[PDB]
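Chemist: Below, each chain spelled out in residue letters.
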Amino acid sequence: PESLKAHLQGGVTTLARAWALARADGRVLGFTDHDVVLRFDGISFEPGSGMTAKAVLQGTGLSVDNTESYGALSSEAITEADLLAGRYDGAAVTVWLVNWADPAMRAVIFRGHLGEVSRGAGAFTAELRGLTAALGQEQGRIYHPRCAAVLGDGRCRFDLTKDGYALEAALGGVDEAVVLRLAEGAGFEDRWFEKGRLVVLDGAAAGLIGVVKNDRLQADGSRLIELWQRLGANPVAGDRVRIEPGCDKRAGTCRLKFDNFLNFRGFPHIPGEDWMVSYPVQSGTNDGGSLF
Amino acid sequence: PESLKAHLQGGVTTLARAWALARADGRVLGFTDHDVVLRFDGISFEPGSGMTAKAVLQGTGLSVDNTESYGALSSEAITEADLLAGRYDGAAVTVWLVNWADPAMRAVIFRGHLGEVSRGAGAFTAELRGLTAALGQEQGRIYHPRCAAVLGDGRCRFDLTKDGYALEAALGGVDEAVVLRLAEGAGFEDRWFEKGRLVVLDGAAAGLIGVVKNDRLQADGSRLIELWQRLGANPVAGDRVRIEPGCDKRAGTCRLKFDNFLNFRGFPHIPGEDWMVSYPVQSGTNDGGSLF
Amino acid sequence: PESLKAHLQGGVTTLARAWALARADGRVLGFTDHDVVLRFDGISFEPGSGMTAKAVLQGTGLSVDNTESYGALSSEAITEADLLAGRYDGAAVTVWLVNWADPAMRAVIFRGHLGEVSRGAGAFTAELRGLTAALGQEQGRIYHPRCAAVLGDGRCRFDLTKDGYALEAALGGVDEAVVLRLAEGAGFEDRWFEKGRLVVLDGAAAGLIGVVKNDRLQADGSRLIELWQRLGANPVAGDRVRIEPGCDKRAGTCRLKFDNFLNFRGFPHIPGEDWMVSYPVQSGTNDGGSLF
Amino acid sequence: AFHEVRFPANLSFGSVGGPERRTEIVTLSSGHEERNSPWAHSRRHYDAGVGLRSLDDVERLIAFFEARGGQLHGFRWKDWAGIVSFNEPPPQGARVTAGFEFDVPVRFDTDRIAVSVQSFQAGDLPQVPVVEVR
Amino acid sequence: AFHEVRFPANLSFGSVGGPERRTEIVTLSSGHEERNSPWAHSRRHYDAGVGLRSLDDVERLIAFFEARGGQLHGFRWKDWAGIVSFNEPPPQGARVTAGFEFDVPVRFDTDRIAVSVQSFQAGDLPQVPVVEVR
Amino acid sequence: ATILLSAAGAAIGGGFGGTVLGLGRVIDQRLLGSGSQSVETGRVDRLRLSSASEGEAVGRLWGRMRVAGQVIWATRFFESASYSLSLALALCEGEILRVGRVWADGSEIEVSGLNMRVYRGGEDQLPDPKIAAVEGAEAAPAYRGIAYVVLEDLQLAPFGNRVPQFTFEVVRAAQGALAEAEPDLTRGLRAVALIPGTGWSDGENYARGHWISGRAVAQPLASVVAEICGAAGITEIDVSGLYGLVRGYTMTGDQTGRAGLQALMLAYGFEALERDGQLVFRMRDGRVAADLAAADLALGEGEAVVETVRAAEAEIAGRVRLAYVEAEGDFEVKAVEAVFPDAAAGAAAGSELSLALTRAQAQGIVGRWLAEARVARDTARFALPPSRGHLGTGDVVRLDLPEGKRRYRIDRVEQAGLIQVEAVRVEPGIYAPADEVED
Amino acid sequence: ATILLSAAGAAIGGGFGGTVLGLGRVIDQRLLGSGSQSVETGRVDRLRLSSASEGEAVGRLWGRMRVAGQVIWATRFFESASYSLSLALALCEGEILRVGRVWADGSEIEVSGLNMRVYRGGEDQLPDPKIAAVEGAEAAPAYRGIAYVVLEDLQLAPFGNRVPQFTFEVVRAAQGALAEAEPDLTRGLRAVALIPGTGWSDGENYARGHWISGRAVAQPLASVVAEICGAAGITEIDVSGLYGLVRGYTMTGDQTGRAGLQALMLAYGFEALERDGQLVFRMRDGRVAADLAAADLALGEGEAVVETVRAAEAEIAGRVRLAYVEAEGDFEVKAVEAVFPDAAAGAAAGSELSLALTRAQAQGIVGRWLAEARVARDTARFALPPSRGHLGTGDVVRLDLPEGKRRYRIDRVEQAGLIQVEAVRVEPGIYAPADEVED
Ligand code: SF4
Ligand code: SF4
Ligand code: SF4
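Residue numbers (the entry's author numbering), protein chains in the order written: chain 7C, 4 to 295; chain 7A, 4 to 295; chain 7B, 4 to 295; chain 6E, 2 to 82, 157 to 209; chain 6D, 2 to 82, 157 to 209; chain 8A, 2 to 24, 38 to 95, 112 to 229, 745 to 984; chain 8C, 2 to 24, 38 to 95, 112 to 229, 745 to 984.
If you are wondering where the hints come from, they were derived from the structure by calculation, not from laboratory data.
Derived list of chain 8A stretches under chain 7A, where covered just means 3 residues or more per stretch with a C-beta under 8 Å from a C-beta of chain 7A:
| id | segment |
| --- | --- |
| 1 | 187 to 201 |
| 2 | 921 to 933 |
Below, simulated DSS-like cross-link-like pairs (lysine-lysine); rule was C-alpha separation at most 30 Å, straight line:
| id | chain 1 | residue 1 | chain 2 | residue 2 |
| --- | --- | --- | --- | --- |
| 3 | 7A | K165 | 7A | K216 |
| 4 | 8A | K160 | 7A | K260 |
| 5 | 7C | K8 | 8C | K950 |
| 6 | 7B | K165 | 7B | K260 |
| 7 | 8A | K160 | 7A | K252 |
From the structure, some residues in chain 7B lie toward chain 6D, with a derived Cβ separation under 7 Å:
| id | residue |
| --- | --- |
| 8 | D38 |
| 9 | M54 |
| 10 | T55 |
| 11 | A75 |
Positions of the beta carbon are idealized from the N, C-alpha and C atoms, including for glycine.
Required output: the full structure, derived from the provided sequences and hints.
Modeler: Written out as structure tokens, the structure reads:
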């Protein structure tokens with residue numbers, strides 16, 4: 004609490020809980036216990052869903068906080084066809100504790116990250132992982148002979164729009180949301196993009212990312228492309244996708260297809276264990292060379 | 004279920020559970036929920052015992068399945084003097100799910116191995132370990148300087164009846180089922196069989212295996228033999244035992260007492276750690292020899 | 004039980020539980036279930052406190068036994084200002100099982116060590132750790148370059164009263180029981196005792212041990228001394244403390260301040276890992292010296 | 002949610018019901034207390050309705066639960082006890172009425188109902204609790 | 002906390018209530034045991050009030066729970082049973172009165188109330204338990 | 002008298018000791047699903063060294079893979095005047127094919143320089159090598175099962191004068207009763223010949754060429770998993786649905802039996818299903834067997850027709866790693882990783898597989914896990930009636946919903962007359978070749 | 002049908018697997047308190063060796079500390095006729127300062143004797159070294175992030191002829207978005223000069754002298770803990786309350802993120818508080834914020850105003866130990882211990898911290914733990930009302946009692962509208978300099 008102590012030290016208090024979650028898409032959602040729709044920021048908290056607010060826990064230790072936050076799913080609300088397709092994953096929340104008589108008397112209990120959401124029986128139950136969720140994970144590179152970065156990354160900047168690299172064409176023939184026909188296949192090499200981002204920016208799957216595989220053009224530039232996984236929302240054979248090119252993350256495929264061999268961030272040579280414990284025999288090749 | 008789906012898709016169904024366990028001895032036992040004795044194979048399932056059938060579990064993982072299978076022990080049944088002595092250990096079951104109206108409409112839920120049996124209060128409770136019980140155990144040889152196999156094993160075939168090796172004589176003087184007098188002690192060396200199989204093939208302990216120790220003949224070929232453990236069923240001073248000879252599992256005792264030194268399956272020399280990190284000093288014995 | 008079996012094999016029995024705990028100070032406390040004050044030794048067991056006696060457990064394994072022993076705290080009793088300050092820590096108990104009709108018919112259930120005491124709601128709950136509490140702990144020295152023993156220890160005997168080393172002076176200016184003014188500061192070096200025993204032998208904190216730090220005399224031999232931790236009982240600005248001198252546990256501070264450099268029990272030189280895998284280069288200093 | 006009808010006219014003597022609050026409470030153990038209210042409103046929570054007429058009234062009452070009921074519809078409820160305020164304190168009620176004139180839209184608090192036959196034409200059912208969902 | 006009114010005058014025969022003491026207790030299994038209380042007062046803890054009048058009294062009673070009530074307000078309570160002392164022992168009561176003349180400010184021990192209709196004009200509610208929060 | 006807070010003590014031991022009786039791991043658990051508890055598996059051996067003690071266990075392997083071996087019966091150092115030994119290094123058990131390409135401590139020694147006598151370790155019980163006539167015939171050991179390699183008059187001159195750590199490429203054919211029936215190449219070939227000849746060169750079509758040099762060794766996955774259950778003693782093993790090539794797996798002795806098998810369940814992904822007592826090992830696919838509508842589920846315990854759990858975004862394994870063995874060149878520990886392009890910000894989850902496989906295959910496997918572990922976030926927890934009990938424990942359910950029609954493979958079937966299911970989300974397109982280029 | 006004793010099985014998995022999802039260690043747990051579960055942390059690396067495999071992770075460090083590095087791109091042995115190589119040893123990531131004082135296997139080699147070319151590993155993407163024109167420009171690797179050190183024409187003559195294990199003193203400045211704002215010495219200095227000069746000597750006042758040789762490297766504790774959360778991705782990190790010097794911490798890759806941070810929570814003792822979404826990292830002090838009387842606690846769950854637990858005497862950690870790094874001389878693992886004079890009879894509890902710090906500081910830290918772990922025996926378990934909810938999860942409560950008035954820092958706040966607290970006893974005088982003499 005932040006200077007509502009004058010309100011709070013009195014036994015007569017009226018603090019009704021309320022929270023907003025910001026999805027990965029730009030829209031937020033509103034939730035409150037107050038039973039009347041209220042807002043203080045431009046969020047318009049709705050008591051139509053959400054809000055059981057069960058027992059936020061704390062700890063000086065790096066372990067996260069948690070709140071299961073039982074609620075309801077509906078057409079205005081999360082609606083669960085949105086949730087199942089792949090949204091609300093890294094959804095960021097702030098829980099508030101507003102005075103409903105005066106919403107300028109509020110604070111934040113925690114800012115969470117909403118890890119595990121269990122929906123069932125016409126309702127949803129969503130564990131609010133704490134601020135320290137990212138700690139507790141392994142991050143590192145292991146000197147492997149491929150590359151290590153994605154295309155947009157700072158360790159390999161590319162300017163991914165710099166030429167006719169991206170395929171901007173609108174989609175037809177979505178079939179089972181893994182096969183995609185694509186009317187405008189023609190314009191690129193066969194098997195040009197094999198590990199790319201199928202960002203779909205229109206229609207049902209709005210701003211949803213999949214990964215391509217099997218970039219094959221069968222006849223007259225069809226370019227039938229598979230994906231690893233379902234998009235989770237069916238594209239409607241009229242959506243617009245853009246596909247960034249595919250990186251095999253290998254030195255040969257780096258420098259040939261792309262110009263950016265300088266920004267490699269990989270470890271091509273990496274001699275081996277048997278080199279390390281080897282003592283130099285004075286036989287055969289012992290002049291300076293590639294060792295490859 | 005195997006083509007009882009026509010019976011089963013109707014809500015009017017009548018599938019009564021039933022199972023047979025095959026003991027380590029050749030006899031099987033029958034058990035059913037149907038409350039009337041029924042059979043389809045030559046097993047004659049009895050509803051007099053067994054059969055509470057609590058919650059068979061499953062898993063794609065290598066972990067076993069389980070069913071505690073509460074029941075009753077009686078004179079026709081397991082009777083628990085049979086169970087305590089050492090039978091029903093590796094007892095193999097099949098649980099069935101028969102139609103009592105027509106026992107040709109059946110399947111197997113699982114084929115189990117009945118690991119843990121807890122009997123008490125005039126009843127028994129027997130955990131049915133799943134098909135994958137053997138996985139999850141350590142099997143291996145550790146290069147130790149003895150032998151590694153039993154006498155009948157494929158890695159050391161012996162023809163254990165090939166001469167006067169086995170002692171076939173009928174038993175007298177059973178005392179506390181560890182000491183055994185044996186009327187026909189005479190016929191063999193003193194301390195001939197020290198690690199052998201005391202298979203007792205008659206009477207109470209029928210086909211029960213113990214291990215010998217202290218093969219000593221005190222007077223006129225008595226051959227008082229101890230055992231490591233109780234047989235669990237008292238022999239009646241008239242039973243017939245046969246005792247295979249004792250193997251010390253050592254190269255000297257292998258080749259002297261037995262002819263089969265070829266099929267050794269052991270590791271006699273096995274130099275040692277201190278040999279391995281040793282560098283060769285040019286002093287003393289450095290000519291080719293046994294290193295023993 | 005020890006020869007009360009004649010009393011005990013009869014169903015008519017009357018064995019009422021009772022126990023005595025001996026504190027770290029010389030006094031003992033008495034406790035009984037009998038509801039009448041009774042004694043057999045000079046302990047005077049009081050039923051005014053203690054004694055719920057819940058479920059002593061046992062084990063052939065090295066793991067301790069346990070008994071939570073719910074009771075009451077009062078002015079005659081533990082009183083919890085005694086307990087919180089640091090007493091009853093290594094308190095040794097014996098639980099007895101006396102006949103209240105004849106207290107010469109008794110035995111010991113176990114002799115415990117009273118590990119964890121949880122007091123609350125006007126009562127206390129004290130887990131009686133078993134006889135084997137000391138097993139299960141790590142004891143050892145790790146070749147570190149300091150010393151390893153305390154001043155009174157057998158591995159470094161000192162005769163801690165042998166000269167004007169100890170400061171026997173009575174206390175004034177106790178403040179917040181960390182700062183201590185001490186009227187008789189003068190008599191010693193500045194910063195003479197920096198790791199010593201502040202044994203306070205009078206008043207409230209009777210026989211209570213703290214550790215000194217910041218031995219500084221500000222004006223006219225004040226000798227303001229801090230401590231690491233609170234004593235837990237407030238001294239009353241009239242108590243008598245004695246402070247043994249401070250040992251830095253280092254070879255230089257050993258031999259200079261104290262004479263006892265012989266009884267060092269420490270490991271000053273201890274070359275290092277990089278010495279061990281080093282091969283001798285034939286350059287620079289390769290003559291016999293300190294390596295320091 | 003409907004605006005279909007009030008109810009069958011008959012209600013037995015004993016149709017109980019009054020407003021609710023969550024108002025969770027801590028009861029500070031060594032003195033007074035402090036307690037919070039998140040509602041600013043009240044669920045009227047009417048209970049213990051009883052239909053008692055002939056069996057001609059029963060078939061229009063059992064399908065009252067069924068036809069326009071299901072589970073999730075209004076059926077505006079008549080109180081024998157547009158904004159109404161309560162001025163008998165110097166505080167105020169100021170409680171809204173979404174429906175007109177004490178009509179308090181509700182829903183039945185039952186997975187099932189239980190109509191009984193008491194005589195050749197007597198139809199009884201002991202309780203139909205409601206909570207007035209908005 | 003208010004100073005609004007006593008209550009409706011009517012209270013049925015059976016309006017029970019008496020002081021409630023924390024009385025934290027140890028119950029030693031030996032025998033006698035000690036105890037202490039942290040109040041130095043006693044919550045009077047009145048229960049089982051009943052309003053019984055016409056339906057004209059009911060609408061000023063149901064919003065008594067609602068309007069100045071909510072959950073968390075005073076409504077000073079009248080006892081049919157400035158410092159009062161009790162001198163019938165050689166000990167003393169010496170219990171304070173924040174309000175004047177036995178008026179004991181309270182709150183109802185209910186999330187909801189339940190008013191019943193027993194006849195054309197009869198209004199009843201079975202219980203309103205209070206505890207006199209300071 | 003009352004009980005203490007060892008009510009928590011008796012809740013554990015043996016209150017929970019009865020459970021695991023009747024029952038990096040960061041990515042091992044998600045790939046098996048809810049499934050069962052993934053046992054610690056395959057800390058891959060780098061710097062293969064030979065320890066001459068008595069407590070090391072007998073290794074086992076299937077196919078072309080280097081193994082360290084250990085010393086058994088070394089004679090004393092013999093000075094010619112500058113040393114000589116008579117080693118015998120025991121590699122692995124069972125009848126093997128021949129040992130080629132020996133390399134000691136360091137790079138490589140030519141086997142023509144050695145005087146080694148390889149032995150198959152035949153159950154036929156190969157006689158004494160007669161180099162152990164140093165010991166004499168009366169104490170000459172005659173190893174039956176294990177496949178030892180003696181070394182004769184070995185000059186310790188080029189590698190110091192100490193004994194060097196020898197490492198041996200070994201080819202071992204999969205054995206066992208299911209393996210002798212249905213013979214694959216290693217005896218099924220029964221004379222191939224047709225050596226192409228017709229002589745730096747044209748090996749760019751070796752991965753697609755008809756000739757079978759090198760890859761003739763690799764055993765089918767059907768018999769190696771049959772060898773495991775055969776050695777464990779399960780002869781009731783059913784394995785006709787398996788389609789894979791092993792190419793040099795290696796687990797040591799006392800590797801639990803199943804933990805050696807569990808590394809294969811990560812690579813080839815197969816079910817280990819056990820519908821009936823056969824313990825059917827079928828390869829995992831998306832072939833739907835159920836087709837449930839939402840109207841056709843039973844009433845569960847939690848009184849929800851389908852409880853659907855979506856796992857945390859903070860733990861999705863954004864990048865996955867392996868520790869496979871090189872399997873073409875000098876057998877060395879390598880690593881590839883697959884990185885998801887949107888969320889590369891963290892959650893590295895790697896594991897180590899001790900088998901040997903090529904370069905395009907390893908990036909294929911890690912490309913498969915990173916897709917699957919993000920697909921297998923969704924789990925379903927429903928109950929289906931015993932009217933259709935023929936949903937075996939490893940089948941996959943279509944599960945029509947009003948919103949989605951998402952498939953689900955099932956685990957942890959607990960029925961008692963009401964089949965209650967912990968499913969997991971599985972798509973069909975995960976189980977495909979990645980079609981990547983090679984090294 | 003009924004259920005078995007896998008009711009104990011479903012009580013564990015996943016009955017308790019849901020917990021640690023949403024959540038020597040002998041002394042690690044007491045210092046964090048009730049707190050949270052102390053993750054395994056900092057098994058200190060002694061005999062730093064360089065392994066040339068492909069499965070070792072990229073290390074990270076902050077300040078002057080030796081790191082092993084590993085081999086990437088070694089050419090073949092070149093015989094001059112008596113050997114020569116062209117190594118490149120990759121130390122750590124990020125832009126670093128220069129690498130000085132190289133010592134191989136054994137004591138010391140002079141860097142003037144070498145032909146090494148150090149590289150910062152700049153995100154600016156340093157070009158090829160041109161010693162990799164052995165490979166040629168078309169396949170020359172050009173490492174962006176990692177800071178490799180090549181070695182040119184290295185004579186393998188003085189250390190055998192094998193490759194020796196090289197170990198490198200590395201100075202790395204703390205980076206990250208919070209570090210570039212608020213610059214400390216390592217770029218904040220912006221030209222110091224003033225070299226004292228005026229020439745065994747007078748170094749007895751070096752620990753108190755104004756000149757900044759050596760200790761100019763050491764990064765403030767504020768930015769290093771900011772670098773951890775920056776690499777983990779938490780940019781909302783709040784760290785203005787931190788006051789410490791790091792002087793060469795080192796955690797490896799895949800060190801969990803937090804377990805690298807948790808070693809700092811033992812050394813400098815700071816809160817990692819998280820009042821709000823800022824995750825405030827404040828240094829722990831005894832500054833009391835609450836001042837509760839006994840009359841002002843709420844009614845708890847167990848119906849006790851204050852449950853006070855005093856831990857067992859048999860487990861009080863009578864003597865505490867460290868495994869710090871020498872940080873002034875040749876960086877080697879060392880150990881100091883603090884022994885309580887009354888009870889020295891047992892309970893040794895030591896832990897290992899992989900950072901580097903001096904000699905009087907290590908005896909200061911272990912002197913602080915042995916005082917704190919005996920102070921933190923007492924824990925309190927009370928509930929306080931939401932009338933004062935501004936007691937954040939890491940604050941400290943005065944807690945007036947009739948008998949004592951003992952302070953309590955709090956942990957594990959679980960409120961739901963009734964703040965219930967597991968406190969722990971904390972005194973103010975624990976957090977002071979010990980003021981000890983040096984080596
Ligand atoms: S190939 Fe080039 S662009 Fe592609 S990931 Fe590797 S470094 Fe980045
Ligand atoms: S001594 Fe011979 S027969 Fe006996 S176990 Fe050993 S190998 Fe087999
Ligand atoms: S300095 Fe001397 S007296 Fe002090 S602890 Fe060390 S050995 Fe004992």
